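*Asks:* Residues per chain, in single letters:
Number of protein chains: 4
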Amino acid sequence: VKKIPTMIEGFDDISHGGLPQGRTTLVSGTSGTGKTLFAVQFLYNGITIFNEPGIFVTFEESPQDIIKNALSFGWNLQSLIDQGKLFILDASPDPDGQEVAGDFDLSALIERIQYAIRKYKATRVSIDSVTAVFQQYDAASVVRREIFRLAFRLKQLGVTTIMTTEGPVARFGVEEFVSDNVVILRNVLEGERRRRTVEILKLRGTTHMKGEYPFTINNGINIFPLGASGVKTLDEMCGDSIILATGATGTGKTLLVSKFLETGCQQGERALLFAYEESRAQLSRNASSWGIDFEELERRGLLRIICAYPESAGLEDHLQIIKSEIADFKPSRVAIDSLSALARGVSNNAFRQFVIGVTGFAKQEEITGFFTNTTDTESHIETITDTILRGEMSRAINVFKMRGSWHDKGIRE
Amino acid sequence: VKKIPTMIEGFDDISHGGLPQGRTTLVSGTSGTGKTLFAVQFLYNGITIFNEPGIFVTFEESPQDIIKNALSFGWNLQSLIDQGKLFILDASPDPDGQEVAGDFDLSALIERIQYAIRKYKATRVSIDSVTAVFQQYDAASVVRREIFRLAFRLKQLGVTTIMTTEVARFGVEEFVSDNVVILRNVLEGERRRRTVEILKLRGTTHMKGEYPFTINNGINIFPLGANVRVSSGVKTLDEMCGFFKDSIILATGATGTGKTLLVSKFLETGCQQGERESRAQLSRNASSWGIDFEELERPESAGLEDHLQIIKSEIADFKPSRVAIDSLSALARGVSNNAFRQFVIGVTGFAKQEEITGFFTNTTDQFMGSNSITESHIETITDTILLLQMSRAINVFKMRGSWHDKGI
Amino acid sequence: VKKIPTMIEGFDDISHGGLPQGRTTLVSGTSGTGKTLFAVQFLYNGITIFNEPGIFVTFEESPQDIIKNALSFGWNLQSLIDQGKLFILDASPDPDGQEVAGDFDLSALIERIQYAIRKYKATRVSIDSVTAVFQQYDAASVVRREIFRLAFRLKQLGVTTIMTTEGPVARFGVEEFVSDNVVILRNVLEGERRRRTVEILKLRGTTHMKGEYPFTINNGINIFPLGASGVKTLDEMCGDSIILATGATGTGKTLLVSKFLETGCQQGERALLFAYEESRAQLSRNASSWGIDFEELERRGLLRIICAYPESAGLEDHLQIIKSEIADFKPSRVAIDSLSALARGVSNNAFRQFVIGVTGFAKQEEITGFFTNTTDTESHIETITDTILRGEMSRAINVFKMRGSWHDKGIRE
Amino acid sequence: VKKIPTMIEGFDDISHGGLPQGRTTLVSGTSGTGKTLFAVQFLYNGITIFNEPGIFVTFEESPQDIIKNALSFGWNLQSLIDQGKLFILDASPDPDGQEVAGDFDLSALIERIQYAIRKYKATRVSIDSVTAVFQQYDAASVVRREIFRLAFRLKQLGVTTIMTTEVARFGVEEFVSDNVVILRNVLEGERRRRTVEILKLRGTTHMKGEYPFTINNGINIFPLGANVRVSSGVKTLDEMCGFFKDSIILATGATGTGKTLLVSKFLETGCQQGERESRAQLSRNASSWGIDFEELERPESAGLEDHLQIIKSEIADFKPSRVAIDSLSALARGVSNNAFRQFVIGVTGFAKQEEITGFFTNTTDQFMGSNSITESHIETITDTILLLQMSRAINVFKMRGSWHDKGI
Ligand SMILES: Nc1ncnc2c1ncn2[C@@H]1O[C@H](COP(=O)(O)OP(=O)(O)O)[C@@H](O)[C@H]1O
Ligand SMILES: Nc1ncnc2c1ncn2[C@@H]1O[C@H](COP(=O)(O)OP(=O)(O)O)[C@@H](O)[C@H]1O
Ligand SMILES: Nc1ncnc2c1ncn2[C@@H]1O[C@H](COP(=O)(O)OP(=O)(O)O)[C@@H](O)[C@H]1O
Ligand SMILES: Nc1ncnc2c1ncn2[C@@H]1O[C@H](COP(=O)(O)OP(=O)(O)O)[C@@H](O)[C@H]1O
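For the record, the sequence lines run as chains A, B, C and D. Quick note, the first sequence lines up with residues 19 to 184, 190 to 251, 265 to 275, 281 to 417, 426 to 438, 446 to 469 if you use UniProt numbering. Quick note, the second sequence lines up with residues 19 to 184, 192 to 251, 260 to 274, 277 to 311, 319 to 340, 351 to 441, 449 to 467 if you use UniProt numbering. Quick note, the third sequence lines up with residues 19 to 184, 190 to 251, 265 to 275, 281 to 417, 426 to 438, 446 to 469 if you use UniProt numbering. Quick note, the fourth sequence lines up with residues 19 to 184, 192 to 251, 260 to 274, 277 to 311, 319 to 340, 351 to 441, 449 to 467 if you use UniProt numbering.
Hint data in this document are derived by calculation from the structure and do not stem from the laboratory. Please note: incorrect hints may appear among the correct ones.
Some chain B residues well away from chain A (every beta-carbon gap over 12 angstroms; in silico) [as the list claims (entries may be wrong)]: (1) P111; (2) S159; (3) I363; (4) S379.
Derived, one-sided and incomplete: chain B residues facing chain C with beta-carbon distance under 10 angstroms [to be verified]: (5) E78; (6) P81; (7) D83; (8) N87; (9) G196; (10) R216; (11) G291; (12) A328; (13) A382; (14) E427; (15) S450; (16) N454; (17) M458; (18) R459.
For each label pair, taking beta carbons as the anchor points, the in silico distance ranges come out as [said to hold, decoys possible]: (19) A:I430 - B:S365: 24 to 30 angstroms; (20) D:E117 - A:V160: 51 to 57 angstroms; (21) D:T290 - C:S450: 42 to 48 angstroms; (22) B:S365 - A:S49: 52 to 58 angstroms; (23) B:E129 - C:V118: 39 to 45 angstroms; (24) B:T400 - D:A354: 57 to 63 angstroms; (25) B:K139 - A:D369: 44 to 50 angstroms; (26) B:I362 - D:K465: 40 to 46 angstroms; (27) D:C306 - C:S320: 55 to 61 angstroms; (28) D:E117 - C:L89: 45 to 51 angstroms.
We treat Cβ as the ideally placed atom computed from N, Cα and C, and that holds for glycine.
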């Protein structure tokens, strides 16, 4: 049994060591899901890290436009291609189109590929959009056979190879069966939003991860599924898997997190802001109502803000924003605003997928976290939630329990 | 790398900088969703702001009928064509139709295009309904080749181009392209919502998903960005709060028992400084309190975002200090109560950026001791919140952007 | 920009001034939704009101049967056709069918049309069922082209023209795309009832109304969407957008409405009955239990009854029944029985569509109305609702509030 | 203008006057839904009541087998054919099948029809399954033409005609016609409901929608139209009400605790004047109270409207004074409790028009203090209503068609 690394941000561990070797890998998805991009990033990881030389075969695209494509994420290729990098086989269609006086055997292409390889020492080659080859030549007979002779030749040469091809979940095998291990990238549309996800049906004769898992793009494709106060009466009432403030609207947790972090700045540990609600002037005039000094609390090099409206972005992209925020600036202690907004407008398995993700990341990078949310939690989710909190009546937060014991059980009796 | 503005109202930011440059972008939607409009208005935007001349290729529509189209928006194109700026290329089928005796090399059209551009120096080109040639020519073979050489030739010329093609489906033999917007018209319940989905721009920063839109003079879209408090006054008790000028108030209570309309002195203050549900019958009912309406003057019928934009341009027209929204509950329903309206957050955000003051009325469900606050439930983002309702019963809920007496 | 009036009962205001002019209007719907009828009524409005002479082209139907069709609604045409009315071009198929020895250009038909027009001074022409022309001649090639040359010719002549053509909501463009502004009439079937509705996708280069709206038929097609006690302790408890009696089963509101109107008859203002429940003998033996005299209250020329079982008829047809009841006899004050029945068996957006309709009509034609309904309102709808109402316990109706103040707040304390 | 009766049980009023006249009406349904039956019985109705002779054209069915069909309904047609009244035209395919050497002019059939009519003077014609010729002749071209000239020829002759054709679909290449009934057989849950939908009659008064039906001798359908009170007596307390002879009573209570069966003296009164859940085991249980059943004699298994019509003709058979319905809850379920039964209103209406007295049993859901009254909830239309059930607890709900003591 064989295997080869890729190190696409978080894909490899699902394949438990990457793609098969000496075997043909087919990648299929609906138009607009970054198949070509997957090929590019794959091979660029290869040549940059492993110096595993590459061949990028393109039918749909023009080279100049594929380089101007990839240059978006900050990868400069042709100047570095002069190093003997990756070689782009141009299989873009002759614009004048072609006429036929008989049938063809696409020996020219495959032999061209193998000279290109045996010149470039390449052990890795990607191939963009075979369906275009089916829509290039209107003879759907032969292209099957000669794509097959290609993939077989690549299996002989033992090189790692990739194929990209074009309704997602339903009957999806496109039109080109003919391959030996298959990744299907689908982005599903639900309600009025978009979830980019990767399914691996199975990798034949090799360990594979069970099921489909959502992803997003950065400089290279990412997802990582699988894991595994100070102030106030503070501790008097209390005696980390993050704190929870679950409360009726106007939860005023704003207080608790604001000076949860403000003390943090006092003691010198690093703090950060991550708020998805109020315009942060009102965030700290509601905080400047306390008499604290937030704009004075940030002589830079200490905290960062720029808020973000929840609905304006998909949830796990927010997850990435704060992932590499907390990665860029390494806070000791931070707090998260209004889980409530993320609690609705979203199928609660998405929202809880998310909350398990963030809770898991924060709990064991031993970073301390807070979380606020407002009730009508009525999303019912229990578990790993740690600390929770004559005429008129005022607000009275108090705790059940923490850790494994101690605090106050009874409220403000 | 690179991208080009459209400056059509609210699309440019969805594409994170407008349409791509030197590449042909395909625009597709089901018939009757204003693709042609997007194209026309695209070239008109180009030419009016940038003096970037345009070539509009039209099969389906008739040229003179495209101008009689455009005069609805109040724009004179024939004057613009004589200005030597925009050219409407007539590629409409001769009504006499076609007879066929062989295969085609569709060079004629493309050469016509490139002569038109290289004469007008044009940097913008729209192409309305390539699908029409498919409804003209029964050969799905060659048109592949000639569309590809067209779009490619245009990329040699480097001009930005648009192709229009004919619910949640694919592209009906239009062949993949290198950047694609699919604007879809949705039919839900018993009303119809026009939305724009942008599928892909390859190698470029892009916004996530489908986004609702409506039409004005040009297409309008809804993206997503972002005395210490002069208020009413109200006698007896005079604001325990007041409601900050940059705030919004929430009165949630069973029934529309708020007929008293607290907005009465919310407005009285407005007029005080001099600054500015039959609302006729309610305003002989408002003169029951003793206010001076006759001297004060010196829902299903519209889609939600039509309410949103109409009021956008009322408040744009007259610069209100403080106004209120009547029976938001009514706007919450007629839509069935599980269809969750983002909407209110949008306008709320808007209130935040122009120091405009808003009040909000809404009717709550049952009566006594409902732990449930509001029907489909308006929570935070609302600055000022309050209750309502043995007698009628006012109370304050919870705020700490200020503090005071917790009522009753 | 151009426009032309039609005055079909309530259609024009959606088109904000009617159909386009000098442009081809296509009308499509599933079989059995009154497309042909729409054409007929259109042109009959034209010639009767505007003296805009007309041409009715028919492929499917035979003239004699189209006149016997239209004569159902009380329109007598052929005798009036002698006036130089509308001209029916007979394009009914030769029953013997036809044989083919080559292809045809349908010049005969179009030229016939234009002579007919230039003889009849016509500015308006309707055309019934083009799909039949596709199912008349089995050559689906040419009929496209020559229908196109027809519609184009009509655009040249500047005449207003209409085309009728044959699964409703889903993929509906029939088979004949070829037109320049489109009305789609669909009747949907839900549960076990039928809703006739009009959708206008868009009218090209012209104002159009946003969305689809239900309709029914009378003498001509109708719909109008878009708008915009006395006795008892009476007012002691109270101190018009209609009254509401919402109550537990056996709401006995029957009392309150019965002599709500009976006093009305006393004072002389006009009253009417609109009951959708009990056989009206029991209606007024439950009322003759009060000692009142209903059959004696109606010496005719005062009130009218004839009850109607809710389920036996679609809701907005009831709406029309009372619309032209209250229009025929002009009541001052009336009451409506058992909104409860209409509250269930119906998707509540239909029921509330309805209730907003009737409430709106009654409130500002300044007619006074009452409404009874029984709870298990639990349909939750608030707003424009005005006035609402040791061992055993009896019934006790009392009010919250009315207008903007006064009445009794407290019940029968 | 004009229309002609069918006098088939309950269809005529759905069409607001029966089938159209001088026009060919198409009858379509999925195979196995009794279209042929509608046709046969149509012509038999015509001929038996009006002595309006009929021509029945049959492809699918065999003539002798159509008579052995009809003998199920107890009707002798062969006697009617020899009476010189009805003629069953055999257009069944010769089992030996067909060979083809060219195109057809299907004049033979039509000329046969018109000879048959002009001989029998017939005014009624049925045509069962034109679709059969489509399952006979593989040319979908000409049959268009010959069906059209058939139906048209029949309209010259002015006779009323019916065409039968072969779930919620269209017409499977049958071509549009000028008035159409689609009778559909529905499959829901795990039972099947036959309904008749009537799609259109052009230029004519018509009823709205789909309407459920069942079969008897002829098809039956369910349209929609429309001592001061001798009752039980019951000792101790003797009717605080009594329940009027034209009334209906409602006893709603948790469980079938009404085993006491108030109907006991509701019936005792019936016998008193002399006028007329194992109901065997319940009637050794009824003899536990001391009544005299042995001397008294001097659900899923059937569809709802089969219960309705069966009881329609029991009450038609025996003219009851007063009878009651056992455990209506049971009829409310076995159907899943959201499937709302109109049904009970229908029979209720019926009770109103023949002075028949009815009582109704039903079991309610939980127990104490349910603001909810009845499960799927029976409200008004019920005249007399009552409650049931620390001990058992009778109480009266609310009526003012009379007044009395509000119980307990
Ligand atoms: N900066 C960026 N941010 C987000 N997405 C990007 C960015 N640059 C490129 N993309 C995405 O890359 C995708 C290109 O892949 P795709 O559309 O599937 O083309 P192909 O089929 O050739 O792979 C586009 O859909 C685009 O949304
Ligand atoms: N008063 C108006 N209001 C809204 N839209 C208008 C108006 N006048 C013209 N238009 C636009 O002109 C466009 C013509 O384009 P059209 O061909 O309808 O696009 P599509 O190809 O989607 O049918 C219409 O879609 C419509 O949006
Ligand atoms: N008095 C009437 N009441 C209700 N509907 C009627 C009346 N007279 C005619 N109609 C309706 O008119 C319709 C005729 O239009 P349709 O069936 O669509 O035929 P076409 O396709 O030729 O327009 C019929 O469906 C019929 O229900
Ligand atoms: N005892 C019976 N009960 C009910 N229906 C009967 C009985 N005997 C005969 N029939 C009727 O005879 C009809 C023959 O017509 P059929 O060909 O079944 O119509 P379809 O074309 O819908 O299958 C049956 O549909 C059935 O309704």
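*Asks:* Each of the hints needs a verdict: does it hold here or not?
*Replies:* The hints, checked one at a time:
no., hint, verdict
1, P111, "holds, 23 angstroms"
2, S159, "violated, 6 angstroms"
3, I363, "holds, 20 angstroms"
4, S379, "holds, 21 angstroms"
5, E78, "holds, 9 angstroms"
6, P81, "violated, 12 angstroms"
7, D83, "holds, 7 angstroms"
8, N87, "holds, 4 angstroms"
9, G196, "violated, 15 angstroms"
10, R216, "holds, 4 angstroms"
11, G291, "holds, 6 angstroms"
12, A328, "holds, 8 angstroms"
13, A382, "holds, 5 angstroms"
14, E427, "holds, 8 angstroms"
15, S450, "holds, 6 angstroms"
16, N454, "violated, 17 angstroms"
17, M458, "violated, 25 angstroms"
18, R459, "violated, 30 angstroms"
19, A:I430 - B:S365: 24 to 30 angstroms, "violated, 43 angstroms"
20, D:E117 - A:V160: 51 to 57 angstroms, "violated, 43 angstroms"
21, D:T290 - C:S450: 42 to 48 angstroms, "violated, 28 angstroms"
22, B:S365 - A:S49: 52 to 58 angstroms, "violated, 38 angstroms"
23, B:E129 - C:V118: 39 to 45 angstroms, "holds, 40 angstroms"
24, B:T400 - D:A354: 57 to 63 angstroms, "holds, 59 angstroms"
25, B:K139 - A:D369: 44 to 50 angstroms, "holds, 46 angstroms"
26, B:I362 - D:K465: 40 to 46 angstroms, "violated, 55 angstroms"
27, D:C306 - C:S320: 55 to 61 angstroms, "violated, 29 angstroms"
28, D:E117 - C:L89: 45 to 51 angstroms, "holds, 50 angstroms"
Comparing the model with each numbered hint stated earlier shows that hints 2, 6, 9, 16, 17, 18, 19, 20, 21, 22, 26, 27 do not hold.
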